[PDB]
Amino acid sequence: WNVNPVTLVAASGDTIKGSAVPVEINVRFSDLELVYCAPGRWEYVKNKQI
Amino acid sequence: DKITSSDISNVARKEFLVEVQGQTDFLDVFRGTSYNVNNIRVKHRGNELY
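Protein sequence lines, in the order shown, are assigned to chains Z and a. Numbering-wise (the authors' numbering), the first sequence opens with residue 102 and increments by one. Numbering-wise (the authors' numbering), the second sequence opens with residue 152 and increments by one.
Please note: incorrect hints may appear among the correct ones.
[Claimed, not checked] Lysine-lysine pairs mimicking BS3-like chemistry, simulated, CA-CA at most 30 Å apart: (1) a:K194 to a:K165; (2) a:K153 to Z:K149; (3) Z:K118 to a:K153; (4) Z:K147 to a:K153.
[As the list claims (entries may be wrong)] Under 8 Å between C-beta atoms, here's a sample of chain Z residues computed to sit facing chain a: (5) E144; (6) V146; (7) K147.
Since the hints were derived computationally from the structure, they do not count as laboratory data. Ideal Cβ placement from N, Cα and C applies to all residues, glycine included.
With the rest of the complex left out, here is chain a:
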């Protein structure tokens, strides 16, 4: 019975439709624990600057 390994552990992402204006910050980033500083993606649907 074939068994598989995966990605999502090593790659995950989350995307926000903005409301209410404000919203200058985003808390916990993705749900729990730590984001890793070295690699950054912020996308406006343009991928925001480094």
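Bound-form chain Z, shown alone:
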């Protein structure tokens, strides 16, 4: 991560956040937790890298 980026996708369905357009991680270290959350929403937290 960084270098060649991540690409995270909530495809149509239930948005990760907002637009749900694929959110891309160029952050070098990163750790991902997103849950399916009742407002059809997948919340991942501020690119915590550790």
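Position chain a against the provided structure of chain Z, taking the given hints into account.
Chain a in isolation, oriented as in the chain Z frame:
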């Protein structure tokens, strides 16, 4: 729900437009408690001498 840590606790600053002349001192420096002697910034918009 991403959570954040910050700076301002470990970095803060305050700047004075001078009036009335006089004003040879500045009290409390920044509002409360203690300034720390070891690191000093006085700026005339030139950064005043050590």
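### Query
Which numbered hints does this structure break?
none
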